[PDB]
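One chain comes next, on its own, written as structure tokens: the form solved without ligand KIV.
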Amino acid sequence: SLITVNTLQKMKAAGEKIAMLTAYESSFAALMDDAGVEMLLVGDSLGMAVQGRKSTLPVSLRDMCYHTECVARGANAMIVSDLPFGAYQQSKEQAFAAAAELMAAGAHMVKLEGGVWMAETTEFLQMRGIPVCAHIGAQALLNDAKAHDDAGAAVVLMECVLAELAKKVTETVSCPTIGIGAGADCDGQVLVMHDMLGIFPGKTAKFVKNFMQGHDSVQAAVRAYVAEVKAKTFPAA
């Protein structure tokens, strides 16, 4: 029942789309886990969704560890935690230290940002038992994707990428790919919980769908998300 990296690999091979959503609290993590969400992303997006800041840069490693521990008490699903700004780019050794704290806090994988210049860090961590989700995002994108794949990234995440390009990347790398605003050709999808639940007022990002509307329970709204992700309904045009 527990979702592992092998689980994601089998799903990629079988073509079964992976459902990912952000999570920052125990209650919602538990709700999403039981609702079918395979990967829970404790992302630095909490700097805006939870802390109410204008950017994610001020989020600290302590903040990430706190929310990771919270989510871990609630959730079978795999917990992925973001290495926060400034906590891992100094060197691969610093990255390892930070990632280690996140793993000790309950994470099963850590997410880092950067292209080819970060590939050495991906390898350093993966070789030491820390699964890595490499966040990237034409030829530059492919190079970044390959670099991290070669380095052993467990998952490659793309944000705001041409559908056609994402498809090519997904077929080029051996590891599963996850996307947001990158089309349905990716091995899976991810959305910020608060966004797909219509927590924020006014229109929503073009690449985000409100799954709250149409249902009278968050539990149903999430299941609908998972459903459309596997049915390849979402993302649509």
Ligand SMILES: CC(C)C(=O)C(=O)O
Contents of the next structure:
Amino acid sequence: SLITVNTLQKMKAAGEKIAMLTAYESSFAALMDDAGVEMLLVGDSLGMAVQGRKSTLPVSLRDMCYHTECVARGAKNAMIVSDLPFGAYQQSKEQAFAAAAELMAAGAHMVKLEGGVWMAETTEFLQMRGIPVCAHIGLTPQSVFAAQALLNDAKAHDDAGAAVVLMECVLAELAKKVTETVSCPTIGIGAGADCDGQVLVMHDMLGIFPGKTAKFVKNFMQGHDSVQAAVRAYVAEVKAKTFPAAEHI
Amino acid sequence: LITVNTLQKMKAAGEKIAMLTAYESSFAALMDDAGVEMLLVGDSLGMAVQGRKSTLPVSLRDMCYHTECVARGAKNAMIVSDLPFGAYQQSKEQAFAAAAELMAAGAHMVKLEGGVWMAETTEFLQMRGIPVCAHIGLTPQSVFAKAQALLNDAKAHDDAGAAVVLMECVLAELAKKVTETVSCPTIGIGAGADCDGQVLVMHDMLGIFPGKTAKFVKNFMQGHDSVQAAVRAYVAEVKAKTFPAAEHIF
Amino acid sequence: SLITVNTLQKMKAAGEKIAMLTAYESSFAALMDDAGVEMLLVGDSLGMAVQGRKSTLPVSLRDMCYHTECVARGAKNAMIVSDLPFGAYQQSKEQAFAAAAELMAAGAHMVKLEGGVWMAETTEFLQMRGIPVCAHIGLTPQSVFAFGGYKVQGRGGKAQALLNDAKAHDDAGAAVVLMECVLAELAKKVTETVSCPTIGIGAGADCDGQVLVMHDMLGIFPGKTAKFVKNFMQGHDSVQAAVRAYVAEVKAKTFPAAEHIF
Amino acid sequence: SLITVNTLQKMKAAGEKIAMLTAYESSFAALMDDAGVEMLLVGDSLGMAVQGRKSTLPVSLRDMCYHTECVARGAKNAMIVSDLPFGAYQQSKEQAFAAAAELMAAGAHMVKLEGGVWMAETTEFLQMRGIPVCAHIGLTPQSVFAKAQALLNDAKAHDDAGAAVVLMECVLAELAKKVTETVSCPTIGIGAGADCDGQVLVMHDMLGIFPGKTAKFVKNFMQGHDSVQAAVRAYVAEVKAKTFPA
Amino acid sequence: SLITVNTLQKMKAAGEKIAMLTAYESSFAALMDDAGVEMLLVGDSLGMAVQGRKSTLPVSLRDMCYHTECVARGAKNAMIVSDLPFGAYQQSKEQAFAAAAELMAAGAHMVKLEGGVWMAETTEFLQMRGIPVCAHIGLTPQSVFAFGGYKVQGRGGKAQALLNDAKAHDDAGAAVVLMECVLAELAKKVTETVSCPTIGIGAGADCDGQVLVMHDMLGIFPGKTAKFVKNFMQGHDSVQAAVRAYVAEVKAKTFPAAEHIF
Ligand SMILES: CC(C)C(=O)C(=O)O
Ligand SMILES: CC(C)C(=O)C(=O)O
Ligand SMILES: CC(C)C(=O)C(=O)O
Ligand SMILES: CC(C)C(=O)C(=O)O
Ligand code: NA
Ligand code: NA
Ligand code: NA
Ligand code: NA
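Switching from the form solved without ligand KIV: structure of the form solved in complex with ligand KIV?
Below is the whole assembly, all chains and molecules, this chain first.
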């Protein structure tokens, strides 16, 4: 029942697409879990969607731990992934370990960190100590104010033992090559359907914000009269390989 | 008084060491009076005492508190305290600070989880007067995250000066080889009978949880009239080498 | 509309001068944004202009964070650059990162640090982790007691060292290099050599942009302004007109004039 | 007058035995000072004698600073030596320095640390920064829960690092003798024989405050006298006459 | 007017003796500044003259910052030098920097640290980051318990070690090198060898300047002062005049006299 890293490995081998959605509260976490969502991402994207800030930089380790605890009270079988917030882990591998440990004590089953080859040593340090790491490469929103290289980043984390490699806004053809090159499962957002799974910010896919949605995002609320049905459709289109479509790439 | 030297003599003589977890003073005095030689204040208290789903949320404060409670009840038995998740893996210096607090709380030895990558930490602590029990094989703090590696882990800790090597859920024949290879006494749980001693979580062996006991666990309460007799039977079986039996091994 | 690092790079390539001014409050930040200031510098110069102290050394990270938040609530399109205060970042690249992360969480889009080649590793450490860096070379006011005051840099055989400081920061990935009190001809060479945009104060008009302390250019202090500073309030009808004349003279390359250059 | 490291060096050179005793309070420290005790050791042994614990490991840095302050208000001429408590200085030489600096600020004139060769770097670090160090080798109570050439190596490494004094506990007398003869600094012993430049005893032990058999290498000096003052003076006289340890 | 490092360098080259005195309060600081004292030393000597302790070791960084602030409210032209107190800087160059930064934030224009060649790296770390350093060599009072009291330095084969200490600091960028209780002939050779000004106390008249503890030179203690100290209060009936006499004798090279030199 419970989704573990082995489960994700089996899904990658079986070619069965993984469904990930961000979650910041207990009620929505339980709803998504029950709707088939396999990975619950307590992302630092909550700085915009929950806190209403202009970027994710101000989110603190305290905020991430609080939301992790909330989500942990609602989740059952889904795996809880928590982001390491800006400033809380890039100082050193030792600082990253301390911040990751706090998230794990709050209820996370894996942590997500941003960065390329320069973060590979941090991934290894954490994974060796029992903390599953999700390496976030490509577009890394914490550096918002700031092909071979992406492949290198991917490989570096894989070699260090990252459990999952997540790619944001990447040429679909490159995401495909990456997914085939790394031993660990991959998760995409604006990276195509050749990844081992997909992720989207709940709020975006529920159409909580006015005006058009990002190009790589699909509104799943539309056509449904219940949030649970909207999420179920997401899981199904992810697995059907219908999402992302050609328009979302 | 049970000391490291006592354990060493027992290994050399083939006399099995009886270890049991303990998180409270009353149970600790009872186990001590019932012949338990090593009291393990383990982070297993996150599940048995705190009721969590894992031992990761256990803090250093929690370990020091439980160690202090056990220390008020213990007499002859050695107190072993676990370094909790996040409090010692950052560096050897951080592990020494955390272990120093546990020793200050009443521990006579500390236990830490990890393979070869933690051996340098074992050496740093042992050289500074802090006896270390290196816990290898199935390390519960890594639940969310292979025969030769285990052997490598055991050798590295032994060479680093580990006072004791504890193995959890390890193929029996592998455990026997490790035990015959390292110089320090070995303790097992789900590791077979060829270790120098055994450990079990108190509540498990007392049948506190409903349902079937884990495979490597035996209910010692059953067939006895008191907690005292259940514990004495556990100690007597470990020493008679009747526990664990074929049915409790992998 | 929003001013980003790419905007500055496009302006350097086009030869359009960048207008930077200091800002420590929300109302003045909004006034300057509306008057066309592109970069709003929350400088540690507030230790003197706001706090009334004799130098910028006593300014703390908390003071820097507070003013940054204030300015962030008034800014609109302009980029916010916040100074890393004395004592909060020179201890190590790790300490600099932590201090810079607090400023970015306070609302900064870039941080400014003082120092030559010995700070380039710090610049690299921060930029690689998403924190845009402005390297400030030449006369660095946090080292005022070591310099003994405000002297022009790059004289004689000191030119190479300044050039070396600029290069190390640029190679370390500095987004912008800021020069203060530097021989104009040297600043021109530096600007023509580094890949990143440059900003000057008392560095001549051949930098890719200019900066002035608000209070200096508004003639808030009694007496005369420094030689490299022009009083724009004087001869103008409002604070809004004074700032607009500054941005216009910077873009027309009339400020700094010959009188304001070393 | 005042007892300085120079005083101790001169005493070793002349063969005049040094009297050291533990002290954790102001009143007893002033009494011992007046009785001729030259070195007052504020030891982590207070964890057992004062606090009543089973070991000295739980003694904290705050406890050592407190007792150091108390003793410093009683002491006049004697040198105050303060122990660096378990867990407060073994993390690194930088940590030891911060802990030693707190003890010096509380009134100590020298600090004592436990450990062989692996602690010599720490000794060098502290001594180079003005903190006199007493290196404690042999039996080190802080490692209670956890050979001739090893002892000599430890003593030599500490002496080469600049230790002001080397303290030996429970060492074969003949071996203590060689160490004393080979190091440039004064040596102090406890259960180390009379061939040391000086002796130390825990005050409560030599005053017979503990119920039970007197420790083997300890002599009860309270016996035969009717004042604590006379008991201390007798210990100092026997140490000087080289009749203790017997 | 305003005393800077450049001023001290100009005086060394000119042969004009620098007058330094300790100061722990604002009133006395203003008086000395008005009497011509060029360097006001907020020394850890306040542990004995102000706090009444037996040594300067118990003085904390907080104490140093507090007195530094007091002195800064009275100082006008004089340069404020603050001592780094025992335990606050010897742990590492990084810790020395953090402590030195607090002193500078409290009002100091330079910090003073005790130590030989082993502290030179710390000297370099500080000066490069804008903190002027006065290296104190010879008899370093924070090491009094290791020293076994106060004793003359530099005789025999120890002379070369002292020279090394001074040159190591001079090479690291020390702004000033202070010598306490060193053979006069050695102090002279060191003064003629390093590039920075030198200040002495019990080091002869050939240093570039002198320093005394205020309370010692005002005769505040009972009995006699050390051999290298002179009571300037005697023969005068105002502290103003007593301080002016110190300044005059230092500049005339009449103090220290033969009787105050080793
Ligand atoms: C877009 C996803 C991967 C994310 O980083 C977040 O929600 O924080
Ligand atoms: C039983 C042993 C393996 C243990 O770690 C614990 O109780 O925490
Ligand atoms: C650009 C200059 C004037 C500066 O550093 C400041 O204002 O803080
Ligand atoms: C006498 C001078 C050099 C001093 O160190 C002090 O006052 O602290
Ligand atoms: Na994120
Ligand atoms: Na455990
Ligand atoms: Na500035
Ligand atoms: Na001083």
